[PDB]
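Asks: Chain by chain, the residues:
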Amino acid sequence: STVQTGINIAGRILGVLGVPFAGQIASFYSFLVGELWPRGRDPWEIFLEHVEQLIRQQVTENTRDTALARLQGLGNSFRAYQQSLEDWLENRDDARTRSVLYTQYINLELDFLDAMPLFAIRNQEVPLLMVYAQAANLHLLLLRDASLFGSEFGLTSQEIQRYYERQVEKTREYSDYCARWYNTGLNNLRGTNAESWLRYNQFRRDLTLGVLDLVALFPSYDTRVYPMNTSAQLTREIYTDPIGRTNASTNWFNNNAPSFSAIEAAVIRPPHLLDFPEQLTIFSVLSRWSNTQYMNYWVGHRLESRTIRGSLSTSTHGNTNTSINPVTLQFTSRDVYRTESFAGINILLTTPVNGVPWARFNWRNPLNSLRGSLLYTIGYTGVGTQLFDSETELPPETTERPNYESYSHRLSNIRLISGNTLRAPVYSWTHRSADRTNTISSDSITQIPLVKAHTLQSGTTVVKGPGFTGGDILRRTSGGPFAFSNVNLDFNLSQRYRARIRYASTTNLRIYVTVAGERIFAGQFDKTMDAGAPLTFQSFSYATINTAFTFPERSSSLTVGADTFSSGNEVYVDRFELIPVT
Amino acid sequence: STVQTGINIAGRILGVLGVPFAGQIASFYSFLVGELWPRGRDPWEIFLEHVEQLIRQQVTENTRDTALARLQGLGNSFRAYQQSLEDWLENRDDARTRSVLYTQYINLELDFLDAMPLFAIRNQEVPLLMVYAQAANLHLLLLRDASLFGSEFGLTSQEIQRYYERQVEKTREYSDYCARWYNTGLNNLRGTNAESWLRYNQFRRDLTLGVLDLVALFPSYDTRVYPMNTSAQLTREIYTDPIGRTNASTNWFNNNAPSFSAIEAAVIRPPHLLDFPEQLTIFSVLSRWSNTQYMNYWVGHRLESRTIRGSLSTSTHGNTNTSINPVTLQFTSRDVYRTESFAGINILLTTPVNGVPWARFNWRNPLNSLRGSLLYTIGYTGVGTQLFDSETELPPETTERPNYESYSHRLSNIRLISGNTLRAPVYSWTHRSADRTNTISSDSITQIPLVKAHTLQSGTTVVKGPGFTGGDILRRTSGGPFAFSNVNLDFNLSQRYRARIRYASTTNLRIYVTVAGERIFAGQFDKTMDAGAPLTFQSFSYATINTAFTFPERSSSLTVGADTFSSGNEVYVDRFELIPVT
Amino acid sequence: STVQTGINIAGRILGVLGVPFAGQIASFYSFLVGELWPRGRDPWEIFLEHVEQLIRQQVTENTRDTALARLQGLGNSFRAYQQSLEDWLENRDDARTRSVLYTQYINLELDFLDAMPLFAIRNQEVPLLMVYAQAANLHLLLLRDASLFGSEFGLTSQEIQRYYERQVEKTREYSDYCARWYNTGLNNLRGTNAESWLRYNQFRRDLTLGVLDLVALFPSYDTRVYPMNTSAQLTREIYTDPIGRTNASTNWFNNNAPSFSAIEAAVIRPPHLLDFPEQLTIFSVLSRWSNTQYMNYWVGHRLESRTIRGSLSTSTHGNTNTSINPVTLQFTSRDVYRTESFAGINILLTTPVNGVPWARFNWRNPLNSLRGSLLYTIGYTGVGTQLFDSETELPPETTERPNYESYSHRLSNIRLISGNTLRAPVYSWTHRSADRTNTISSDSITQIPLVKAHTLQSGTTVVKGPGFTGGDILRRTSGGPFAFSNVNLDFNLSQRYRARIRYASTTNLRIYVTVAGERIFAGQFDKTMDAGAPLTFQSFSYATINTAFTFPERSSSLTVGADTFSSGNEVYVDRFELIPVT
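Protein sequences appear in the order of chains A, A' and A''. A prime marks a further copy of an entry chain. Read in order, the letters of the first sequence are residues 54 to 301, 307 to 640 in the authors' numbering. Read in order, the letters of the second sequence are residues 54 to 301, 307 to 640 in the authors' numbering. Read in order, the letters of the third sequence are residues 54 to 301, 307 to 640 in the authors' numbering.
Hints are computed from structural coordinates only; laboratory data are not their basis. Be a bit skeptical, because a hint or two may be false.
[As the list claims (entries may be wrong)] Label-pair ranges, simulated between beta-carbon atoms:
1) A'':236 to A':300: 49 to 59 Å
2) A'':582 to A':300: 52 to 62 Å
3) A:299 to A':588: 36 to 46 Å
4) A':77 to A:145: 55 to 65 Å
5) A'':95 to A:73: 32 to 42 Å
6) A':77 to A'':517: 52 to 62 Å
7) A:322 to A'':301: 21 to 31 Å
8) A'':84 to A:204: 29 to 39 Å
9) A'':222 to A':439: 57 to 67 Å
Backbone N, C-alpha and C define an ideal beta-carbon position, used for all residues, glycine too.
Okay, chain A solo, but in the shape it has when bound:
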């Protein structure tokens, strides 16, 4: 539910980024009070106690009362502001409505200022992280409304500016707090054994859904950088729990093997370029004690993964001996949105075996409404069984449609935890907003993270993301191209686009873009951080190249690079954006 709501909120903000036209602010605001201040329950205390249970450290009974009391009162005010904001909809002229809405806006904007430190208490920053992050986003949307149509509210140009300036610094402040405190929180649960890793990974996945995916949208509220509609991609991989037992007491981590440090390096893919799974091939082994107690469980797999117009990559995990047949499932261009998995446990004299004898992959074709299940199993009986529904961990956002139209995540990679007499698959997922084609729209600002590329230049490493960008990030230490991406355009192609790239660098440099590997458009831009400085939100600037360009084909490719600086300096690239000039 905690996770369910963070998905609904973050996924619905994706639709209302930059400048919205007409009346999606009010319906979004209306949706927002319904999800955040509902009848019946308090989702804030659900946030607070969700993280508290994760890190296994309860807030003081004090800090509890203070924040939630501040939160509901703020919700009475947020409900009041939107209520009247929902009446300004029809209003064109009134010296009283724009005078009360005036005051309740200003009061609540002010109210969020005082309230923000309340959810930011020393020694209990981490338990309040989701509570804090969801509140921080709320304040940043309201400052966006100052720029949006406060100009009609009865606000002066100077006060709009004063409002925009705090939105800028609050975007920097809120994006830093969440990143560091998500990191510190994650840091403390670093353990020494597997049981601590499950708690570690759980903290990572759940808070990535609520907090980090919201923070990554904060830059896209800026009215001046995104003066129209803009589109964003969240590119991080998240890992659902490994499919193993949990009851009655060996389980799956006390069934021998590996260490915390071993599991973390074995399942977490190092920072890569984003790929979609293609063909999956499962190998099985049979482990019986008699005619009534056997099960052929999951021992190894071979998964093909392709970047966007990439050459095929195939990884191998586990065992591959094929006395038993191997079953192969087909995932290419099909969104595996829901996996129902069964964790089997067979027992010998003292030694129990954990494996997976059944896993169904529900898939949808995002381009043309084709569904399907893909089943793996051989046979089993007399063994223990524990279900793993992916939607327990990765629910579709709450919609008026079924799950195969409303899902929020795809299967992207299957790793495998192996040991002596233990097999625990781990599904890594990628967010829906990260698309398969890098489609470039004609009437909105398309953000394409450089992580959506297919090829790295001979010196470009993908380094792990700071927290507040939505995914990992690419870093050159000397001049040259960064990565090679492929982009697709819609019906009418005559469109000219200017290029703008979110970068972080130690030096003034020349940033360029080449289309179809032939014609080039460059610019000169500024240093954004100090040499030993540790990459915060303000280290990132936008480098707008003046000159517009036409794409030659509906399927063209775009390179991003930066040279003309002395090596040893560090240059980062998060994202190239394409601004349709019109």
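Got chain A; can you put chains A' and A'' on it based on the hints?
Replies: Quick look at chains A' and A'' alone, frame taken from chain A:
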């Protein structure tokens, strides 16, 4: 003092219900800051520590600081708002006064929103109940001012509505919280012995004075339901402490007898129709040890009680043997407002006897300024003595007049706690606002609770009140009349009145009224709750019958009924109101 | 730093008292957010933990979170208000800027009301004293801005008055809280030995710098009493730590002697009239153990001190035998702003000796830019050494100039703690704002405390200050003159001035002033307190004598007196002010 203030506040709100004309809001508001934010002391912490001592459970030193700090700051703001509200009195046109008063109104209305959860902390809801309830009333009066003359403030029709809507839902929210939490609080002090019953009853009486009597006036703030002046009656019975010893260690509850469960069923009258005492007859027994240590104490009484135009009822308690003479006092139509009682204790070898050898009943005639004492005693000497002044528990409201003009309660019933060698009278009182004649005014809305009736139909039970109505309530389970009341009208009788009755029902039904048991005016009205649902504030609606009527005599009688529904459903009636049409 | 900031703030308010013209409010406000809400650190928690360490009693981890969270949010709002206040600078006409600035002013003024009890928690009033006092001043400056130019904001005359009234009562409320709680705090650290006295004196000096010097400026915010520029003097003496050891464990207080009660009476000058040091003569004694371990340390001194046009006074402390030579330093009319002192420790078999073998007095001439050091030493080697820089305790205010132009305090008196084999000088200092000439300006209101006089009448005692005036105070118990002062005027002398004197009295009386001991101007004024009442902020009123006068000479003398009342009553005088009539 805690109790003294709850009386002053609640009693003074009685005069300013519905729509006030001219300038009683400001003087009431001025009175309100004087009583709530005085110089010298903090009555909020007096509230808080009064309940804390009752339930014998102190708030955390934390929750203490938070709420009182919020409260005084709110009082600095409430003092500021009223200060300028007290200057708008003279103002007719000003774009600045109605612009500051504008802002400090809106700010404080908003301020109460955030503040309300502060006085509503989990695990300490009951100790803050009076603190909470008095604050809740404060917020609800200000929302009433939005409807009242915010229309002149510079408020638009839509924002007045938005203000009225929160007044509606806050009236529902605040009336539910107080009722349930008064009930939960009362529930925990349910004990097993008599010493726990005194603490139990003390909690009941004191919090009924401050909280419940205030909540019962919350419906009467609605500007649309009561668009003029309206009159309200509080009909509950409250029970002062039984007159027994308290020092040096047997006292009156360790002098043997009964249990908690025994006392509660023996003294608390089950839900009845309200009656006023008539003739009281005391019986006494003499208990001496010698010539220097005797006392004839109170052993039994016989009290006559009449409903409004009711047949005489006489109850009997205790002993009645009349070797000693019996003394009879006359209370008919006389408001016993003050009782000074003496708890006597005589001692034998080990067995002590508790009784009352002296009790004076100060009375006033509410129609024509006749006072008087009525004394009971026989003779006593050498025995212990402990005074019981009713005004210690039931003080008159703070006025510029003496107690026999400013009293807030009347004696209504005398029960008696009996045991082996123990006599402890208990005085039950009814609030002043509940009148003796059910007078119906020509220019205000007269609320007559159905508990002010004289006769029940053959299936109507008086069930115990939910908490937020002011008294108990009447319930039919099949169609027919509810109860039979008698009403009185003032000088000019030509007036036509329409009837409107606060009801709660499971089904659509026909609600009617008949005047003088002859002519009938009915209507059809809506279901208001679900079958198993537990009767909250929103279960109660108003059923307005369209047709006006003339009363035939200055002393007429009015029946309330509801038929045309299937039995097994439940129908409740709290109150019939009479709206003078003009 | 805590002390460093209290100096900067208080010293910079001295320049912007009463009514400022043009644009020093905004630059002062800009300075104020920089010093109070800086980047990097939280000076509020530095305040809070500074006092906490002094009294050796930490706030609860709770009260901590609450106040600082309220404080920064208030700082986000204070930064916002000043930000737009810093834009109204250029604005002359706008129905929107004066409408947002409108609302954020009113909101923050309201915000300070609720916030003030937050920093005033029961059982932790003293640790929050500096936090509280600095916040109290902030609120009082904003109320001053209501009177100043709220009249242009869009405020009505009546609301300005309502704003001024709270400024009056808040000036009374904040000045009382700080004085009593500074006193209670100081009271608890009353000890029995010398180690407790150092902690006692430390609490006195540090909180006098931050809190008391700020409170003494609160009266000078009143727009009606000081309708122009006004000048104020802070006249209290503060005492830096006695120069003794602190490491490795005898130190200087365990090296035998005296008690708490002995030290307090020996070093703290009883309430006197303010004097400036003149000629200082140090006597030394030699204490060696061999040729490699000797030191001639400070044993006694003889200091000349003169009031303003006073006869010379000379005090003597310590020893005076002159086998060793005596060194004499010249301080007359020279501001000893910085002293660097060395605490020496020589050791015998078990008995160690503490003395001072080196002390340099940096001085500046305030009239004409002459600097200089004045050194005392004889010779020392092989002994322990611990430096005492006065700016560790008494820093110059943070400026763009060096310390000999920006210092905040002068050396005024040197007392000496003596014992058997122990010498610990103690420097008493007077604040810079207290001047040497009592200069009277032509275009500002000059406050001259009566403590700046030179002669007391035959019945006038200087009694210790209540806390909220800036220094001690003079009290007559029968009619007559109070004290005799000398005043100096600037270039053009034609000016007429009216006299007004801050007094506190039990009776209606005649207060007079005589110039040059010849011509007299008197008036009749009102009782201000009750006979046994204990002198609070409201005990002090201003007695304005109607008639203007001319001073005859550039160096004239002014007497203040009050007769025509019955003896036994008490009459206090803090300050005579001189209002240039024009």
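Asks: For each hint, tell me whether it holds in the structure or not.
Replies: Hint check results:
Take residue 236 of chain A'' and residue 300 of chain A': their Cβ atoms lie about 41 Å apart, and the range 49 to 59 Å is violated. The hinted range of 52 to 62 Å is satisfied by residue 582 of chain A'' and residue 300 of chain A', whose Cβ atoms lie roughly 59 Å apart. As the Cβ distance of residue 299 of chain A to residue 588 of chain A' is approximately 40 Å, the hint placing it in 36 to 46 Å holds. The beta-carbon spacing between residue 77 of chain A' and residue 145 of chain A, approximately 39 Å, falls outside the hinted interval of 55 to 65 Å.
A C-beta distance of roughly 38 Å is found between residue 95 of chain A'' and residue 73 of chain A, which places it inside the suggested range of 32 to 42 Å. Between residue 77 of chain A' and residue 517 of chain A'' the C-beta distance comes to about 57 Å, which sits within the given range of 52 to 62 Å. In this structure the hint that residue 322 of chain A and residue 301 of chain A'' lie 21 to 31 Å apart at CB is violated, the actual value being about 50 Å. At roughly 32 Å, the beta-carbon separation of residue 84 of chain A'' and residue 204 of chain A lies within the given 29 to 39 Å, and the hint holds.
The hinted range of 57 to 67 Å is satisfied by residue 222 of chain A'' and residue 439 of chain A', whose Cβ atoms lie roughly 58 Å apart.
Of the numbered hints stated above, those contradicted by the structure are hints 1, 4, 7, listed in ascending order.
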